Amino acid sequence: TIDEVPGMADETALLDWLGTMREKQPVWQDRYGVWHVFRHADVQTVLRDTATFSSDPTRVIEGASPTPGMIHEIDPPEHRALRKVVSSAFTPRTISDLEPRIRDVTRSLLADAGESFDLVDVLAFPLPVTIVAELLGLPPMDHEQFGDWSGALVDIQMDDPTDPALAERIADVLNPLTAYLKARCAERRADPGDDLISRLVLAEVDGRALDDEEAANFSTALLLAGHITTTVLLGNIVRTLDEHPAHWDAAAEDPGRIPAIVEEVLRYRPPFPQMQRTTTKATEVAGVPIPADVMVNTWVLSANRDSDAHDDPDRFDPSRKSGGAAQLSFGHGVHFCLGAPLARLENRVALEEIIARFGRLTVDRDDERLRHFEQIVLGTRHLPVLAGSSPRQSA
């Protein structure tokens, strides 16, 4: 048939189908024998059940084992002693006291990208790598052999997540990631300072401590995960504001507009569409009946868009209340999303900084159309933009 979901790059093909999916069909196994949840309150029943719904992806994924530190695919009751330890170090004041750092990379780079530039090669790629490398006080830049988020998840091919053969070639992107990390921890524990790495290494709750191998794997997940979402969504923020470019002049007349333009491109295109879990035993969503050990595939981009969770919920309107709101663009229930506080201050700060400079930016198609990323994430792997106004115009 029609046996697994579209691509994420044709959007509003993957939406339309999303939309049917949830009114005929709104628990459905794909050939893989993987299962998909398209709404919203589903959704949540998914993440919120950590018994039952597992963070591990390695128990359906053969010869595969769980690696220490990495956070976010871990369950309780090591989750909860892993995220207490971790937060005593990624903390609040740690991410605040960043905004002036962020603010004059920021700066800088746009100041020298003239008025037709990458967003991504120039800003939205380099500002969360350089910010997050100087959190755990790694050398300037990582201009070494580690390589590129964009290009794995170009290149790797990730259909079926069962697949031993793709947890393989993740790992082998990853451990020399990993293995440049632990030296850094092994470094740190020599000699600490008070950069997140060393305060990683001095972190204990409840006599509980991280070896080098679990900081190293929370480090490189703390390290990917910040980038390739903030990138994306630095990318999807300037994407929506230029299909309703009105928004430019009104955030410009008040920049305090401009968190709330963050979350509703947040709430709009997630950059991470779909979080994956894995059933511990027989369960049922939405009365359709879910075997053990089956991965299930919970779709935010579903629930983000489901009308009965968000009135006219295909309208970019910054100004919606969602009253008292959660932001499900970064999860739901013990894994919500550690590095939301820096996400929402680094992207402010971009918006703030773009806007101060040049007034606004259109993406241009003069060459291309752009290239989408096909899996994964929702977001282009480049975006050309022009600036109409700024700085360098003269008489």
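Residue numbers count along the first chain shown, from 1. Whichever C-alpha set is largest while still superposing within 1.5 Å between the two forms counts as the rigid core. What changes on going to the form deposited in another entry:
Among the candidates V122, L224, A203, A309, displacement between the two forms reaches 2 angstroms at the C-alpha for one position only, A203 (superposition on the rigid core). If you fit the rigid core between the two forms, you'll see the Cα of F272 move by less than 2 angstroms.
Once both forms are overlaid on the rigid core, the distance between the two CA positions of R31 between the two forms is under 2 angstroms. Once you line up the core between the two forms, the Cα of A111 stays within less than 2 Å of where it was.
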Contents of the next structure:
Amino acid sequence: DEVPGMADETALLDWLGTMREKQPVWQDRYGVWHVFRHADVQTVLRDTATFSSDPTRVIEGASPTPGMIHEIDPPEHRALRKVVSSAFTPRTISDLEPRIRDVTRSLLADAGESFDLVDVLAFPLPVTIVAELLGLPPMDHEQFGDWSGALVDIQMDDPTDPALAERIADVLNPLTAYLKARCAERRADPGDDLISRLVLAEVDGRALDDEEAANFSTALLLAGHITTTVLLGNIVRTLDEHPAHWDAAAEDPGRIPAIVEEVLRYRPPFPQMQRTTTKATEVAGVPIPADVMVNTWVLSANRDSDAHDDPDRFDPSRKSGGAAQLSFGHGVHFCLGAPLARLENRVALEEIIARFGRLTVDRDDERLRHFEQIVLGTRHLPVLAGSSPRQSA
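What I would like now is the form deposited in another entry, since the data block earlier showed the form deposited in one PDB entry; can you produce it?
Coming up is the bare chain, nothing alongside it.
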């Protein structure tokens, strides 16, 4: 059996290609059903009645975690998402550009000629913007990275194991307790921020209870930084592999959003996602029973030649983007933060090119280590300044 790990990208991609070819719907040794083709991934994600986002159905003795937007289906999903949806509109998000650019430019200006992109910018920018979105203070950013890292590196094998779900609860316990305390504070003294908005909202004619609002806040915080960090790293790493694009972008900065969409397609931060079948069903003629877990490979769908011509060629001129960006999901759970992620990464890339022209990855620096699981990225990305304002006579 054995799915290759995320850390060896080449091995993983090769394995996905063979599966698209020879076993596009595959049951693994844990009874988890993997879906590899673009068209079938779209089918699964669109059909929420059959493919629930709630994992707890197949986790022995588990009950739903209340307030977890990413685990709730229609008709309940609409009402929860409506609580926060206006916080994320393009017009509202666009107002954040000056703040994002200020943070990015200040962070980059203090970097030497050799630095870890992750510690300098990719982590601090997204954690700052999400903390600010939630009304949280800067002193707490380090806790956020520690808690995220613990979750991302949680010991995991079988994803239906109730011991995993329990372990996840334990790891998030401090973060959730912290946010519950902040929810309580906002009920007593509300602000413009997202936590205030969520604690004062009505869903089904009643406020979210304390547990629901703390869990909802925990999901918002985690969603708001981890993948943005991963993508910005993947952007520079991917440009480094296709560096003719550094000059094309310097010459025409209006190319950057297209570069971002294409890096998303090429290296999705979150390469797979899970659903659970609510009834006996079928994917591409393959019978799947009721009450099992299904794993959709966004990464495999994005490299599927039936969907993308020459799929392993990095090509910003491809027409794909907007709501068709599968790396943000598809259908009802399509990423709420998508405009915000696109803006943060656009600004980051503009400022990188503004200051440095290009960054070269130092591929032999031992801090360059890929994540082993869950996300598709590197924990650090040691880089070297192409040029910078620091260079003298």
